[PDB]
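The chain below stands alone and is given as C-alpha cells, in the form deposited without this ligand.
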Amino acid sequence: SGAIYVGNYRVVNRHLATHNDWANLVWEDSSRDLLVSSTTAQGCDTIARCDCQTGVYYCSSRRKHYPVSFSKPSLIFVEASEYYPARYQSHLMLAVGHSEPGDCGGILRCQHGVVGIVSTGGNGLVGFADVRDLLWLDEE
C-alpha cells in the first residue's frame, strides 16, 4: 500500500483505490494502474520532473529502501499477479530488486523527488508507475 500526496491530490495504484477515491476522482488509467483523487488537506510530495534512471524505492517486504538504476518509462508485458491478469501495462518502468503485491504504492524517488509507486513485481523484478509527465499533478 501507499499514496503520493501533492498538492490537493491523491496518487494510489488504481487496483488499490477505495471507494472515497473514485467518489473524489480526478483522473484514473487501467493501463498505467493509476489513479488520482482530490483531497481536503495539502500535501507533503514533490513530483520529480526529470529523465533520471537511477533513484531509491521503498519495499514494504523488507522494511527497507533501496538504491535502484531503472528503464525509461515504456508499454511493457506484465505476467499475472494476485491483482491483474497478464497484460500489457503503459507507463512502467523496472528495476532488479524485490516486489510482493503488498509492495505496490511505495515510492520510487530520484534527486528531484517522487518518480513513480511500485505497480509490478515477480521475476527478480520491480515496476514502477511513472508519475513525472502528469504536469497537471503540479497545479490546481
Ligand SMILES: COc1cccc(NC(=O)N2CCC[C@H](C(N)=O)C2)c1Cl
Given for the second form:
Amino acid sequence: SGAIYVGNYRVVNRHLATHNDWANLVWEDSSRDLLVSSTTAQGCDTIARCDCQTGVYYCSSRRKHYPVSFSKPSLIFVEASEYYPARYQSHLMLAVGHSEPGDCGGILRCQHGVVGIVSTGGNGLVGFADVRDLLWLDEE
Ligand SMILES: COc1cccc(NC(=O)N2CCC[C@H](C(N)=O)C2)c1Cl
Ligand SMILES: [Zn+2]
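Switching forms now, from the form deposited without this ligand to the form solved in complex with this ligand, please provide the structure.
Now the complete complex, all chains and molecules, led by this one.
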C-alpha cells in the first residue's frame, strides 16, 4: 500500500483504489496502473521533473529504503495477476530489487522529488509506474 500526496491530489495504484477514490475521481488509466483522486488537505510531496535513472524506493516487506538504478519509462509485458490479465503495461520502469504484492504504492524518489510508485515485482525485480510526465499534478 501507499500513495503520493501533491497539492489537492492523491496518486494511487489503480488496482488498490478505494470506493472513496472512485467517488472523487480525477483521472485513471488501466494501461499504466494509475488512479488520481481529489483531497481536502494539501499534500507535501513534490513531483520530480527530470530524466534521472537512479533513485531510492521504499520496500514495505523489508521496512527499508533501497538505492536502485532503473530503466526509462516503457511498454513492458506483465504476467497475469489477480488484478489484471497478462498484458503490456505502459510508462513502467524496471530495477533489480525486492518486491512482494503488498509493496505496491511504495515511493521511488531522486534529488528532484517523487519519480513514481511500486506497481509490479517478483523474481528479484521491482517495477515503478512513472508520474514525471503528468505535468497537471503541479497545478489547479
Ligand atoms: C512476490 O512478488 C510477485 C510475484 C508474482 C507477481 C507479482 N505481482 C505483480 O507484479 N503485480 C500484482 C499486482 C498488479 C501488478 C500490475 N501492475 O500488473 C502486477 C509479485 Cl509482486
Ligand atoms: Zn531527478
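Positions refer to the first chain, counted from 1. What we label the rigid core is the largest C-alpha set whose atoms superpose within 1.5 Å from one form to the other.
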Practice problem: Choose, among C44, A41, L75, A80, the residue with a C-alpha displacement of 2 Å or more between these two forms when the rigid core is used for superposition. | Solution: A80
